[PDB]
Structure formats: C-alpha cells, structure tokens
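Protein chains: 2
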Amino acid sequence: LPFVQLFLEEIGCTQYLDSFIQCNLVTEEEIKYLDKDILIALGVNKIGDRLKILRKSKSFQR
Amino acid sequence: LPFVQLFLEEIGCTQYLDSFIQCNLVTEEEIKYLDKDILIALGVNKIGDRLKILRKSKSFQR
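The listed protein sequences derive, respectively, from chains B and F.
Note that UniProt numbering has the first sequence beginning at 22, numbered continuously upward.
Note that UniProt numbering has the second sequence beginning at 22, numbered continuously upward.
Source of the hints: derived by calculation from the structure; they are not laboratory data.
Just so you know, even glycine gets a beta-carbon here, dropped at the ideal spot from N, CA and C.
Check each hint, because a few of them may be wrong.
Unchecked claim - Distance condition first, Cα-Cα at most 25 Å in a straight line; then the derived BS3-like pairs of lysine-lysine:
no.: 1; chain 1: F; residue 1: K77; chain 2: B; residue 2: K53
no.: 2; chain 1: B; residue 1: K77; chain 2: F; residue 2: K53
no.: 3; chain 1: F; residue 1: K79; chain 2: B; residue 2: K67
no.: 4; chain 1: F; residue 1: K77; chain 2: F; residue 2: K53
no.: 5; chain 1: F; residue 1: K67; chain 2: F; residue 2: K79
no.: 6; chain 1: F; residue 1: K67; chain 2: F; residue 2: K53
no.: 7; chain 1: B; residue 1: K79; chain 2: F; residue 2: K79
no.: 8; chain 1: B; residue 1: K79; chain 2: F; residue 2: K77
no.: 9; chain 1: B; residue 1: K73; chain 2: B; residue 2: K53
Unchecked claim - What follows is a set of in silico ranges between Cβ atoms, one per label pair, in the way DEER data are often shown:
no.: 10; chain 1: B; residue 1: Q26; chain 2: F; residue 2: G69; range: 25 to 31 Å
no.: 11; chain 1: F; residue 1: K79; chain 2: B; residue 2: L38; range: 26 to 32 Å
no.: 12; chain 1: F; residue 1: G33; chain 2: B; residue 2: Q43; range: 23 to 29 Å
no.: 13; chain 1: B; residue 1: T35; chain 2: F; residue 2: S40; range: 31 to 37 Å
Could you build the full structure based on these sequences and the hints that come with them?
Here you go:
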C-alpha cells in the first residue's frame, strides 16, 4: 500500500502526482529504482527542485 | 588523473569540458557523485542526453 503522495507531500511536489503516475513514481520503490532525468522528463522542467527529488528519490533504502 | 574529457567524449560531452570544469567534473569521481540537475545547471539544459550522463556518471566506482 504505497503512497508516493505522502512522500511528495514532504518534498512539496503536489504538482508531481499526475506527473509521477505517468512516469510511474506512485510507489516507494519506483522512485528508488529510477533516475532524476526521468523526473525532468516526467514533466518537471522546473530546474532546481528536480535535484531535491533526486535525493528524495533515494530517500528509499528498500 | 583528470581526464573526464576521455569519458565525456565517450558519452558525447565535448561541449561539457568548460562546463564540467566549471562545476568540477574533470575527475573520475566528481561526476561519480553528481546529479542531472547539477549538469543541467552546469550549462547543459539539453534535455535527454542529460539522463545518459546520469547513467555514465555512475560508470565510476573507485
């Protein structure tokens, strides 16, 4: 019962829900099993925060 | 042994020398711990290849 929403809420990325669901980041693993260039492509050209998600994406260890 | 040019040339980043040297990616480690946002911010907004560098970036171990 994953909820990337609860995660994006911490990384203030409420505008990355329908964006992540498209790229496939609605899981607590997909983000941990992906890259950052995927986010930017996901539809988040917003340079900067993108780097944050990069680190947050790793927030998952398992 | 700073020769990222050899590696950047293998990934096709001939136009990332003065860019990498700016951020400090002229080492076989700096890029080993860099992100896509770091590259895009480095001066490579070129969406796409960025992901490649992100992958090759990991090409570095020790």
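key: Hints violated by the structure (numbers, ascending)   = Checked against the structure, no hint fails, so every one of them is satisfied.
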